[PDB]
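Chemist: So you can see what is in the structure, the chains are spelled out below.
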Amino acid sequence: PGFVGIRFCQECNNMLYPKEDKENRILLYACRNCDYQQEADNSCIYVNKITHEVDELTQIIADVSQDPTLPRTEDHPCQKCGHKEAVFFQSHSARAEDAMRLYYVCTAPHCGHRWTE
Amino acid sequence: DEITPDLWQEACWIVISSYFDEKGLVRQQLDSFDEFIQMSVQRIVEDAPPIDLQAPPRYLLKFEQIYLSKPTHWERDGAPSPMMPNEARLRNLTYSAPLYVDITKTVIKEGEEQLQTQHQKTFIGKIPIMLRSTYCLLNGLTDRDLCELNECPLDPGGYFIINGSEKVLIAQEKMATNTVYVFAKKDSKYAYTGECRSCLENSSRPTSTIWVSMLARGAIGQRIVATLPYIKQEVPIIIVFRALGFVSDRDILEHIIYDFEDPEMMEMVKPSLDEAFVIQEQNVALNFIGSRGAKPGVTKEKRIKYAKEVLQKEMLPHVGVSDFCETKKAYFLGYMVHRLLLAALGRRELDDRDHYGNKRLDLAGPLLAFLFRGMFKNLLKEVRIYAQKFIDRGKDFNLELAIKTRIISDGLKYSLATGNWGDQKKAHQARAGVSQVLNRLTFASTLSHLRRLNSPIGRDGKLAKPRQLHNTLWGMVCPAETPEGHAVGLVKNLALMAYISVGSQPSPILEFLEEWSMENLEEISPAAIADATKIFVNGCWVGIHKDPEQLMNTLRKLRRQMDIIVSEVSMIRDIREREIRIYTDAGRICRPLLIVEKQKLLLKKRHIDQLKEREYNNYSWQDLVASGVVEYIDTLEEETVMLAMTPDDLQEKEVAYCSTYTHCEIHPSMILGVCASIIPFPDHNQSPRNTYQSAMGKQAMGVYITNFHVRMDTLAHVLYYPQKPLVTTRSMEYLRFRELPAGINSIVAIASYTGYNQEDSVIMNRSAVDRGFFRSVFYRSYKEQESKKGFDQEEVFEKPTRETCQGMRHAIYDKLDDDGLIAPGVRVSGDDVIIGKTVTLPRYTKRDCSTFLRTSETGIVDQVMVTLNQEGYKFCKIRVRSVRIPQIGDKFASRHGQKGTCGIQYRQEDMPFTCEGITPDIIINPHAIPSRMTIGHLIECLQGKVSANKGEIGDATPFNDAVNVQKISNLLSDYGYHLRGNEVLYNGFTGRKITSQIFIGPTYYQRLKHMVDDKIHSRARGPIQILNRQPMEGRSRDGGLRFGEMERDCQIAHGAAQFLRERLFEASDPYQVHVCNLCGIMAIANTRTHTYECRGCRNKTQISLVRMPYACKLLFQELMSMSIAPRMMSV
Amino acid sequence: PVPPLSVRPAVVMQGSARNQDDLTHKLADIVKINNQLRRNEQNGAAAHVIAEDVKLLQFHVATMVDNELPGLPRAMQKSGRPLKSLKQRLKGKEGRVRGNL
Amino acid sequence: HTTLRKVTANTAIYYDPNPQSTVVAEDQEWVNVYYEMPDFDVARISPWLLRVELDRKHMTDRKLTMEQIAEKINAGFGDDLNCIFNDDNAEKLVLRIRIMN
Ligand SMILES: [Zn+2]
Ligand SMILES: [Zn+2]
Ligand SMILES: [Zn+2]
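Just so you know, the sequences run in chain order A, B, C and D.
Here the first sequence is numbered in full-length UniProt numbering, starting from 9 and rising by one per residue.
Here the second sequence stands for residues 141 to 195, 207 to 369, 377 to 1000, 1012 to 1300, numbered as in full-length UniProt numbering.
Here the third sequence is numbered in full-length UniProt numbering, starting from 254 and rising by one per residue.
Here the fourth sequence is numbered in full-length UniProt numbering, starting from 1163 and rising by one per residue.
Hints in this document: simulated from the structure, not taken from any laboratory.
Using N, Cα and C, we set each Cβ at its ideal position, and we do this for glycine too.
Warning: the hint list may mix true and false statements.
Not everything, but these chain C residues come out facing chain B in the computed CB check (under 10 Å) [as the list claims (entries may be wrong)]:
#1 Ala281
#2 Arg342
#3 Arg349
Cut-off 25 Å, straight-line C-alpha distance, at most; resulting in silico cross-link-like pairs (SDA-like, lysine to any residue) [claimed, not checked]:
#4 D/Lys1219 - A/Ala102
#5 A/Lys27 - D/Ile1175
#6 B/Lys428 - B/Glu439
#7 B/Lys946 - C/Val264
#8 C/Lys340 - B/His586
#9 A/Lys27 - A/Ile53
#10 A/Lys57 - D/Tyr1197
#11 B/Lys428 - A/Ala38
One chain only, chain A, in its complex shape:
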């Protein structure tokens, strides 16, 4: 499914709101400030992930490998670069109950690969 992003008008740079064209029976995205209209390409207007199945690997950034206060391990080598050392840490993010899961990051500079066991 995936989320749906906001899209803005091409004239007033205000957000385009959803609207339906009965004549063609087709979804349109129209600005309620100017008189711009656009043919939608997703057909989906709203998405709620109640389960919150978020891949926290996307929230991690490689720069965290520079943190002296994070633990490092030599037991989980990097699959992308083969570096031995890697920092690991827990989710520590709200809305995540099973947050004892460990996320690893490669400490090699300019690799910054992140993964999970």
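Fit chains B, C and D with the ligands to the known structure of chain A by using the hints.
Modeler: Structure of chains B, C and D with the ligands alone, referenced to chain A:
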């Protein structure tokens, strides 16, 4: 090169000693005051606007320079003389220096007829001076010079003398400013709230708090609002953004959402956009803001102007208050919204209110600056009125007469004298407890009072969260020293190496960031903020950077080289969120730490070598800091630091814990404060015991100060024979406990002997007490002055006479001299007269107003001092001396929370004795140990036995693996004693051996201020209060004890109705009234003529006598005052 | 009803200056504004002037029997301390009922 | 107590103009298996669809089935809110709502 472990315990303590040679214990007070005088006063004077006044001629009156001379005093003749602090203490003067300001008045009328007249050094006020500060006459003086001036060289200073009273400013905690803090209140309409107490760099107004909240779920989604200042209605964030000139939704989300690949943030901001679509232009948004405000202008023009002024001045002043700053303010408000969304999306943690990285300590300097801003503003106002009333007449005026200097002088003096921190008129809005009377009971109490912090949460509050010992207090606040009463956790104390930052300007840092590859916030495009790292300086988002790591490396190198970045500047890199926050402002508590290389200290052996010869090569602490070997780390930068508790942690281990440390503790024992640093083996006690000792070291007797012979303190206790502890910690070398100790090493036996030490009591040796054991002298000072306020009535010191004086007690006045003052060396008993003062009447033409002794004292007059007070009438101080020999009921304590009163005193033949005839000085009960778990008491006793038998001083420093109980026992077994400190004792009464071998040895005991003779009190028909005819309150008033509500309830449960009536009616306030039997209202009785009548009912026969408490009669009359008719109906 | 002198004793200080009770100062204000209103009704005064005088008299009486009225300003005295009205004299702890009876 | 959120995995609104050719590809089987016979007023159909995805774990933890859920929806909102659903056999527990007019 490397310091090996075997040398480490020396090296670290050498380093610590260097610190205390450089800084001291009251460095925060002195540095705060010095910054206030050097910088804050000048900034406050210059930041005031020039007062332009005109009817025509006009005058600006610009203040340009300040001059603070040394402290001086002006006599009645007016001769300025340098005033010494001891003279201020004795004469009840205020140790203040005059502040002169240069004023420039230029006349501008017309025709370019301009001429400037400059008044150099216009006396603008008097500022009280902190002792031992740069502007103190005791500055830079040697110990010989201080002793020549009758000053103690060990006196730390750090306090003011206002009217002879030593006042100490307590550091006040407050939430840090210019920082966004996202909290979540459980019981509120908002789910999340992001607040920012914003305040411009150079303070001129209070903190303007801005909130950016999210409405709790349950229209369609979660709406973001903004509670702007001076506006009593929530305002949508989009409206605020449009009012700042950002009308397009794309621009607003460019400022709020920096990563457009994230639809979660987008949908969570979408409700706010959907709620603000009808408003789409800047003027309409400003009109909406003005309309939602509490002063809605009928015309939209003034509404828009008011909204403009609010959004330019009151909204986020720290971002900038000038015009054209809307871009910076928009970026910052978008950052606030971003932080709120990150909290609501769970991507960031809510901020902790208790984190000391989020707090600031308002010290003497920044507090006096708040006072000085208010007082200088009031002064400029008064000058404006005075000059206006003259130029309205079209003539010149004298600014010297316009400047009524009493504003600044009396304001600072009043505020420091009372503690009510604020204007004297706003005596209830003002916050008390600042500026307390310095505690001079013992040197530890003085040091701790000078290192005292205060959390103004309010003692009434019963939420334990602010009282809890937060994790972040480590190294900054003593974990132990805190009052155990109603202010647990609120009143705190600095740790020994804790330094509160004094403040610095961010200008050099910002300039270097400009020269460095940082990009300003107005020059960037928002698309760059995604991957870039934000840079905040004192809360202001100033720009962004691309490689934060090597930026942090550069900045840390700069701070460690004492380059443009000064040592107290905090530089935190948050990595997961890409902020780099730099702080230079004041109030940041920090502590020094040893920097660590790859896995090594930078403190090599050469630094220890140069520190050992500190007194020859002038290699000091500052050279250690300048070498890049030591660093001050604040609470907020500790979050990014990986500490080593000892260099042993830097060793490569079979399983490495960290292997990437960045700093090291100089010594862990520096987490303790002044009073906890006296506890020996505090890590072998239960922590409440350490807290109780930290409180009780402050009531311990000793020698509170070396120059006690010249001080006329109201109360002072000096111990005859203070001793340094046989078992000491390495921190007391800097507390000067060895030079001014507060106890005696007592041979204490923990035993059950006769039962007179049960339940926290002690048996003392009467023979030891006869030899001066724990004997003290109590000095009490009485002050008096003869006031010639007016010719109507004048007081005068003179030996009263029975024929002229009226209110002359039956006590004899023969001890007085013809001057009316008793002489030193005269033995004075209770109720005796020490000053004969008589006041002229309007037993004729003069009444007796003599000063008696505080009753039941029985001392000897130590000395009498006569001088003139500020206004200049005769002023007397009499110090009376009373020897306090310890007795049954006097409170004693060890350094482990083991307090108790003397149960009984036995002579040396009555006490138990060892085979070599050693009797204990004190016997304490074994039952005081097990529940309390004060094993430090036992280890100190054993170590003290070893120390006394070996001829050394035991090392009881808290965390010392080179000293454990087995080593001490092995040492003690070498001196012919049982290795565990037990001995066979013999019964003193019978001489038989005691079956159980007793644990006996030297322990450092303290005699506490709480002597029974100052507490014993009795009453039998004494004086009564005026309003309700009940016994007075207090020993000093010869008052009665309160039979309270709980006593009433207890006696009701007992069923003792006559005893209850005796206590609540007959022993307190018996009274009689006459009541009308018809209306039940108190009648008029005339018992001499026997005529009783009720004016109400117009009867004089149906009156009844009623025996009621006087308080009940007073209650009924105060109800009749309220139009209530309490009718006592006797039928 | 103005209470007797026992309810509001004039305590003499160390000298001859007789300090009056808070109730006495408040009654002084009440008598001042009462006389002022009496003359303003008897002699020339505007209706709004009499209204302001009546409002101030109301404020004085209310703050005599109860000083902590929400919103209204507290009845002040020298040194900037609010006066102790009859209600605070017996409101709670350390009042007449709990503190003296 | 169990609300639809406690057992729901994720909700979404689509613009499906004709249910015969749905926007999603994996929901084309059961939608046509439902639509080949007229069960409701197809004319009174709105192109706005509301697809909710359940999760097998919470469905099983409460012994709940799409039948009970659909009955509860059609009871709370009557016939004004049409709901359809597949069997409890597919790998994804999904049910589709539309608004009736
Ligand atoms: Zn548009
Ligand atoms: Zn890698
Ligand atoms: Zn009557």
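Chemist: Are the Cα atoms of B/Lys946 and C/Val264 separated by 25 Å or less?
Modeler: holds (22 Å)
Chemist: Quick check on C/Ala281 please, does its C-beta sit within 10 Å of some C-beta on chain B?
Modeler: violated (15 Å)
Chemist: Holds or violated: are the alpha carbons of B/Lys428 and A/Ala38 at most 25 Å from each other?
Modeler: Since the Cα atoms of B/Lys428 and A/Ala38 sit roughly 16 Å apart, the hinted pair holds (cutoff 25 Å).
Chemist: What's the verdict on C/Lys340 and B/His586, does the C-alpha distance respect the 25 Å limit or exceed it?
Modeler: holds (19 Å)
Chemist: Is the straight-line distance between the alpha-carbon of A/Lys57 and that of D/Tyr1197 25 Å or less?
Modeler: violated (28 Å)
Chemist: Should the hint that C/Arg342 touches chain B count as held when the rule is a Cβ pair under 10 Å?
Modeler: With Cβ-Cβ at 6 Å, under 10 Å, it holds.
Chemist: Straight-line Cα separation of B/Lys428 and B/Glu439 no greater than 25 Å?
Modeler: Given that 25 Å is the threshold and the Cα spacing comes to 19 Å, the pair holds.
Chemist: Measure nothing beyond the straight line between the CA atoms of A/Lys27 and A/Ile53; if it is 25 Å or shorter, mark the hint as holding.
Modeler: The given pair, whose Cα atoms are some 10 Å apart, holds under the 25 Å limit.
Chemist: If you draw a straight line from the CA of A/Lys27 to the CA of D/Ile1175, is it 25 Å or shorter?
Modeler: Satisfied, since the Cα-Cα distance of roughly 13 Å is no more than 25 Å.
Chemist: Does the nearest C-beta of chain B fall within a distance shorter than 10 Å of the C-beta of C/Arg349?
Modeler: holds (4 Å)
Chemist: Within a Cα-Cα threshold of 25 Å, do D/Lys1219 and A/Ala102 meet the stated pairing?
Modeler: Distance ~22 Å between D/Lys1219 and A/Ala102 Cα, so the pair holds.
Hint violations for this structure: numbers 1, 10, all remaining hints satisfied.
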